[PDB]
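Novice: For reference, the chains in residue letters:
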Amino acid sequence: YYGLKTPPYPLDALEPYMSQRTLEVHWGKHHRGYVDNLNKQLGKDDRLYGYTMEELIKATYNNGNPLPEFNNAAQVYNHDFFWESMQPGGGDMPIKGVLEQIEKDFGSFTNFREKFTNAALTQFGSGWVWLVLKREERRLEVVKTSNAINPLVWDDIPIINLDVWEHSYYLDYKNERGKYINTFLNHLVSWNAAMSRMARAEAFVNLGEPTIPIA
Amino acid sequence: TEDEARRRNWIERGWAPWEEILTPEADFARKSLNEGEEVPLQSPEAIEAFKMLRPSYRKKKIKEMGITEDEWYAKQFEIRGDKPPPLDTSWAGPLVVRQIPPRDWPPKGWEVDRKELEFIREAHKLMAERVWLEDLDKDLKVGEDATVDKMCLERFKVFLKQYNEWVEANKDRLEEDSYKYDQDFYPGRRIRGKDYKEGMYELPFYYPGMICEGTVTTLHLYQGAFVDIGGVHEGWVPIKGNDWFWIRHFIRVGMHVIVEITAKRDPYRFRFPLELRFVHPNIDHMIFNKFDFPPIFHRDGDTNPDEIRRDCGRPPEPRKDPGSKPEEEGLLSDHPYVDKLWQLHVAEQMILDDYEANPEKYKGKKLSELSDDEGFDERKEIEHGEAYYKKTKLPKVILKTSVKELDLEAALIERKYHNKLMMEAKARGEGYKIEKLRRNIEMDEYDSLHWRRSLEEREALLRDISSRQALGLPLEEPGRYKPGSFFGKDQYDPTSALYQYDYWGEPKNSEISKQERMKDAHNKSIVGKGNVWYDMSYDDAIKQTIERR
Amino acid sequence: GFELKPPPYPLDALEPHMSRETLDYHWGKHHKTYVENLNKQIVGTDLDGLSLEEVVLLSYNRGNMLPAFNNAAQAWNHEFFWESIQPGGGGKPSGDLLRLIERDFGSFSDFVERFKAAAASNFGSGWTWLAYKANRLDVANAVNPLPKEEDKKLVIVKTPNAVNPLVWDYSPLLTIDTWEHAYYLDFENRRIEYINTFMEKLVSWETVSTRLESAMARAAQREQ
Amino acid sequence: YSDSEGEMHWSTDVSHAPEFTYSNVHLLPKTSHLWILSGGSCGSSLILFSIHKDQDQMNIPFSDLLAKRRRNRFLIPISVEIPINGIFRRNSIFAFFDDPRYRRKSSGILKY
Amino acid sequence: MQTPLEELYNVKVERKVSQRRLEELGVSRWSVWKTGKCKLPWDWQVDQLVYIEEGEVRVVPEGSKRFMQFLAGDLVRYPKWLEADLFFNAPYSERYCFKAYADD
Amino acid sequence: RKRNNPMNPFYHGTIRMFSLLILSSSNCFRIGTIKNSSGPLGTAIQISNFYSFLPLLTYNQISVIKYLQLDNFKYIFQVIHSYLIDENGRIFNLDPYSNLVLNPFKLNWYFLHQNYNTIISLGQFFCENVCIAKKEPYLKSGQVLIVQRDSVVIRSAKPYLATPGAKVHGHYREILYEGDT
Amino acid sequence: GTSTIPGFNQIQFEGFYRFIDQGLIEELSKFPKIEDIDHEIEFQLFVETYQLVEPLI
Amino acid sequence: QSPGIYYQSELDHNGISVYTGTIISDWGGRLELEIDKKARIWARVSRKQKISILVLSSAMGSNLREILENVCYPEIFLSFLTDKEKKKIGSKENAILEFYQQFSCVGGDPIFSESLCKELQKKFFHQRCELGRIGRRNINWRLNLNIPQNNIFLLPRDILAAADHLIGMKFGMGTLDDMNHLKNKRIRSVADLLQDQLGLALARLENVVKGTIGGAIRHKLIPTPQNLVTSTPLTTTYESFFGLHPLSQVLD
Ligand SMILES: [Fe+3]
Ligand SMILES: [Fe+3]
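Protein chains in written order, with PDB author numbering: chain A, 49 to 263; chain B, 67 to 615; chain C, 47 to 270; chain D, 443 to 504, 566 to 580, 599 to 633; chain E, 37 to 140; chain F, 885 to 890, 901 to 905, 922 to 928, 937 to 950, 972 to 1056, 1065 to 1128; chain G, 8 to 64; chain H, 128 to 379.
In case anyone wonders, no lab produced these hints; they're calculated from the structure.
It is possible that part of the hints are untrue.
[As the list claims (entries may be wrong)] Distance ranges between label pairs, derived from CB positions:
1) F/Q1000 <-> B/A194: 47 to 57 angstroms
2) C/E67 <-> B/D211: 53 to 63 angstroms
3) C/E67 <-> B/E220: 32 to 42 angstroms
4) E/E89 <-> B/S603: 51 to 61 angstroms
5) B/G545 <-> C/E99: 37 to 47 angstroms
6) B/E440 <-> A/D93: 48 to 58 angstroms
7) E/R56 <-> B/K486: 50 to 60 angstroms
8) B/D601 <-> H/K297: 40 to 50 angstroms
9) G/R25 <-> B/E91: 23 to 33 angstroms
[Stated by the list, open to error] One side only, chain B facing chain H, incomplete, derived with CB under 7 angstroms:
10) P560
11) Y567
12) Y569
13) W570
14) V598
15) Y600
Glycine included, C-beta positions come from ideal geometry on N, C-alpha and C.
This is chain A alone, in the form it adopts within the complex:
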C-alpha cells in the first residue's frame, strides 16, 4: 500500500500564486482519492502488490491497453511529482546543471520556455506537461500527454511536472490557463528539484562525454 505523502511545504505556502483552497481540494480529496482507490485494488491482487511504483505504472499500462489499476497508480505518482516540482518562491532561472542542459537541448532557456508553454497551451483536455530526459537519446525534451499517462511508460525520467487538469487551476484562473502557465514558470517552478532529478537520472543516462585516450 502507498500512503498519501504531503507536499514539502504548508498548503498556504503558495499564496497568492496558488490559493490554499486549490491545495486542500487537489490534495485533500483529489490526490487522496487516487491513493485510497489504489490501495483497495492492491488489497485484492498480491501480484500487482509487490511491484515498485514505477514497475506498477508500466505493468498496469500493459503496452497501450491499460489495466483498471493504471489510472489510480499513475495519478498517485504524478501528484507526488507535481508537489515536489513546485517550491515556495520558485521561478526565476535554473542554475548550473539544468542551465547548461536546457541551453544545449533547446538552444537557450528562452527557446525552452516558449516550447514548454505551447505544450500546455495546445494540450486539449485534462492531461500533463513534462520536461523529461530521453533515455536512448540522452537529451531533455518537452512532452505533452493526456489523463494519467506519464513518460515512465516510455522509460523516460521526468524532471519537471505541470498539471493542466482543470481541477488543478479552475479556481484562481478558471478558463484562463494561459496566464496560469506563465505564473507557474515565473513564481512556482522548482529548479532545485530539477537538479537532483537530473542527478538521480545520471545513474541511468550519463549525459556526459567519455575520456578517450590519444593512443
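Based on the hints, put chains B, C, D, E, F, G and H with the ligands in the right spot on chain A.
Specialist: For chains B, C, D, E, F, G and H with the ligands alone, coordinates are given in the frame of chain A:
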C-alpha cells in the same frame, strides 16, 4: 581525420587500447620490423629487444636491478597509458534507513496468515512519512537508548518468523530445482553443494531500494561486476565494454562496496536475479554502455517465442505493416461451423437418396438405432489422398462421417414432404423446386450469428479508435508492424521496375507465357473462335431470373 | 460563420442546481471561446456554409482528426448540453421514451443507476451520452437483411474530451458534462452529488423524448 | 586468411580512419599485431532480434442445395472443365452451359 | 514453461462465477453465440467477456504448444490484441459482451 | 491476419551482440555488536531536503558540481553516517561518530568495514608463452574475459603480425569467417 | 562411387538416361501450337502422349 | 565458361588499371561492363558498339531517380548526364530508340514499334539476358543476392548491383574472379548435346509443318495429321550431328 575516427571507434564499435603483454620474440618482432627488412638495428628499443631474446641476459638485467623474477613477471601486467582521476565519493546527507518488509512477500503458492500479512503490510505505508535533515536532532537515541530491545520492529519480526518458516520449508526443494535446471554454477546462480552455508539470505529476503554491504567477487568484461551481499544469489552491477578500461582501476576483486538493489527478478527466466548499482564508490559518470534488456535463459521448455518475450519484458516479433486499416475492411459472416453443417447435410441427403433407392435394407431396425462399421475411427475423420480423373492426378479429400450426429428422422420427414409434394406437382403436371432445406436455414442463422459478432466487434473497435485518438493511446500493438526498410535494404518486390523483365514483353519461354497459352488452349476447346457477346455479374444472374420465375 | 446563442432559460433559473457564476463562465467563457475559435479557423475554408453536424463529421475524418475538430465538437456538445437542462427538469419520462427505457434497461432505477455509474467512472475530461442506435458503417456487408427492430436501441456511452456519438452515426439524446469545468465552481470534486442533482433536477425528459422521435424519424427516412 | 571465425581487434599502430572514405581498409603506420577473437557462428540460424539479445544464455539450438459458397471458395457436386494441372489463371472459363432452347438440328449461318 | 498461459497472456478467468456478479454484468441480457465441433481462428482487436454455460472450449494462442482449459460456468475476458485459436469438441453456447476502452 | 485464415489441443553458448557471436567452452577457458557480515542494511528512505523519490545517497566529482543545490552544501559528508528509524518514528544511531548499522536478520547492531572515506588486469591480451610466475604454467593467447579470486577466464585470440604498409581488411570488431582475407 | 571405383562409362550411361527422362519432355514442350494466318487450321502436339518403341533392327 | 558475372582488370598502354565486369548468359552472350578513363560506365556489346549504363538502364524502364538511390555513389552516374541524354532518359521509349541507335550504329531516327522490340529482343534479350538455372545460381553468389532460384532471367537489379561491386572493387573491396578456376566452368555431356539437337530438330519440324499446312490450305483439303509431319527433321539432324559435329567422333 585520425582524432574523430578513433573517437567514433571507441563509441560505436567498442574499441579500447588494451595492453598486449608480449613475449620477447613478439616484442622484438614489433620493435625491429619498424626499421627495415635486413638492416643494422639502430633504434635503442630494437637493440634492447634483441638483447632480451636470451633469458640469461634478462636474468642478469633483473639481478642488476635488484628485483626477483616473480614480480618482474608481474611487472609485465601493468596498465599502460594515463590513469583516470581518483574518485571523490561524496555522500548526499546521512544514510537514513528503515527495516521495511519486502512488498512481494509471500512467494506465490505459499499460504500464510492473512492477518499477519496485513499487519506486516501496514509498514509499507511508512514510505509516505517525510524525513527532513533539519529534524534528526530532537529525539536522537544514542547508546543504551538505542539498544535492540527498545526498538519497535514488530511487523518486521512477524516478517522474519514467516520468512524463517518458509526458508525451512522450501530450502531443499529450491536446491533440487537449481540442480535440475542449472547444469553448471555461474555467478548469479544459486550457491549449492558444499559451497552453501546456513544463514544465506534467500531471494524473498531482498527487494529493490535496499542498501547492502558486500564484496566484489567477479569481474566480467561483457556482463559487469558481481557482488556477494550475503545471499544465496550474488548481485550484479551491469558494466560492459569500454567502461571497463577505466573502471578496472577502481572496481577490483575483493574490495568492500555499498550497493543498492535496483531490481529483483525470477532466477529461472533471468540470468542475474539481483541487479545492483554502486553507491560507494560512485561510477555513474564512467558507465556509458547500457543493457537494453536484462539477459535471460533460453530453456528447453521454451518452444514459443511469444511466451518467452512475455515471461520477460521484451517486445513482440515485428512483421511487415499490411497497410490496410482494420475498420475499413469488410465484416466477416462465414461461420466456421457451416462446413461441418454442409458435410452433415450432404451425408444426410445421400443417406436419404440411398434409402429411397434401396428401402429393403432398413427392415427390422429403427433408423435412429443405426450402428457404424467395425473399424470406424473418430480420430481419423479426415484423410488426404490423390485420385486420377481425366488423366489428371487431382487431389481428393475423404470426409469421414458417422450416423449418430445426423438427424435422420427430421431429414426423412422433410424429404417425404418434398416427395409427397413433388408427386402432387407431378400429378398436376407441374414442377416444384425447393428454395432451401432446413440445413440451409441452419447455415443462414449461424452466419447471422457470425455477422452479428462481426458488426458488434466493428462498432466496439470504432468506439475504441475514437477514444484512443482522443487520448493518444496506440491503435495497434506497439513493437509490431514496423515501417518500411526495417527488414533489410535488399528486398525483392516483383511489382517494381528494377525487378521486372517484362520491359520488352513477357518471354515466350517464361512461366507466365506457358500458363497464358495453356489456358487459351483450355478455353479454345471449350468455346472456340466465337466472339464475346457480353459479360454479366454473377449476382445479376441471381437477381433477374428469380423475378422471372 | 457560426454564432453562440444564449441558453433558453434565465441564468438565475437553475438555482440551486447550477449557480449563476458557473453558468455564465461556462457559457460565455468556454462555449464562447470554442465558437469564436471555430469561426476564426473556418474563415476562407471549405467548411463555410455546412451545418454543425456536417462540420463535426467532416472534421472527424474517420479518426485522423483535423485541427478544427476540437472547437466544432466542443461547440456542438455544449449546444446539446444546454438544451438538455431546464429548471423544471428531473422526475421521470413517459410514453414511448419510457417503454424504450424499460426495454433497454429493465427498470427506470436500473437505467438511472447505470447512467450515474457511467458519469462517475468517466476518467478525465469527457462526456457521458445516451443515444439511439441508428448507425450505419462505411463498409459493405454491413446491412442486416432481417432487422429485428431491437438493434435500434438506446445505449449508454462515454467519450473523452470533445468526442460525441454522432461520429459513429449515432443519434445523441441526452448528455451530462463530466468535464470538471462544468461543476467545479459548484460541486468541486463531489462528482456523485453533481450527477445526482443533474439527474433529479435538470433532466428535461421532453427534450430527450423529442430527440428520440427525431432519431426514429431519421431511421424511418433512411429505411426507404 | 582467417584460420578461425571471430571478430577483429587492434590496440595501436592501426589507423582508425579508412584509407578511402567509403572502404574498410586501414593502414599500419608501424608494426602491430592484429587479433581475432574466436566466437561461435550464427550460421544459417533464423534468429529473432526480439528474444535473442546480448549475453543471453542459449541452452537450446537456434442440385444447388448440395453446393456451397464461402470466402474465395465455392463447391460444386451445366458442365465444368478443370485444367490438366488443376490450376486456374485469371479470366478462365471453367463451366459452360449449353442451353437447349437454342439447339438447332438444321444448318445455316448465325447472324448477330 | 513455469508460468501458466493465463498469466502470460493476461486472460481473466472467473470460474464458478456467483449469481451476484452475473446479474451485475447483465449476462442474462446478452446474445448467444453457438457452435459445434469447429475451429475459429480469431484475433481479439477488442476486449470481450465470455460466459460459458454449455460446452467446452480449448484456447490455443498463436504459436503455443499448450492450451487454456475453460469449462462451463466460467467467466473469461479475452484481452485486446490476443491472437489465439478457438477449438470446440462438442456443442457449445456462450454469452458475450464486447468491451471498449474504460466502460467496465 | 488471423481472421483471413481459411495442432488440435483435444487430439550451449552465450549470445554476443553489437551481428551475433556465440561464446561457449569452445572459445573460453579457465586459467588458474555482532560479527561483521555482508548483507542488507535496510531500505533507504527519501530525504525531503533533496526532493528525490529514491535517495541519491552519493555524488561524484561530476555530479556534485552539476546537481548540488546551494542549500545542500553543508549536507555533503566525506564518511558514512548511518541512522535508523523504526515504526513509531524514533531515530536511532547508537553512535554519532562511527559506522554502526543494524542486521535485519539477527536484529543486532554491528560495525561496517571501512567507514567508506591483482597481477592480471581485466581485458588484457596475452601471447602464447607469457609467463606469470616460475611455478605457474605459461598463459595462452587471448583476452582476459573474467577475473576471479584465484583464476581468470580467457577468450582465446590469435595474433597476426603485420609490417608497416600492410592493409587491414575490416573495421574494428568486424566479424570474420574462416578463410576471409 | 562412394565405396568402389565407378563404372568408366557411368557418365555416358547416366547422361543418356537423363536425356530420355527429362530431355525429351523439356524439348517436346516449347513446340508452338501451329496456326495459319487465317487462324482456321490449328495444329498442336500432345507432349504427354510421347512414346519411344524399341528399335526394330 | 560457366554463366554468371566475372570481374577482371587489364592494364592499359600507360599502366592505369581498368576494371571490368562481364555477364555470361546460358548461350555464351557476354555483356561487358567497363570503367573508362573518365570513370564513365559503358555497356560494351561489340568491338565498336558502345552504350552507356543510364541509357541501357532506362531502356528497360529504370527511372533516373531510383538508379541513384540504389547505389552508394549517386554522384558518379549524375556527373555523366549530358542534357541530351537526360531528355531521352526521362521517357521510356526515347531511351529505347537511343539504345537502338547506339547498339545498331544506324544513321537516322528509328520509330518505336512492336516489331522493333521483338527484333531487338531476339538479337539482344534472347542472347544476352537469359541466365538460366546455372547463371542465376552464380549471380546470387558472386553478387551476394537473395533472389529466388526460379528466376532464370537477368533481373535489372543485378546490373545495378554489379556496378556497385565494379566501382567498389576499384577501392580494394574484394578479389578478382579467377577465370581458369573450375568453379567457373561447366561440362556438357551427351545429355546436353542430344537435347540441344532436339531443339534444332523440332524447330526444323515447325518450318516443315508451316509450309505443309499452308500448302494444303490453299487446296482447301482436309489433311490427316500424319501427312502434315515428315520424319526428315528429326532423323536427318541426328544423322548429320554424328557425321559432322567435332564432338562426335569415331570410337577407337
Ligand atoms: Fe492532479
Ligand atoms: Fe463543457
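Novice: Hint by hint, which ones does the structure fall short of?
Specialist: 1, 3, 4, 8, 9, 10, 14, 15
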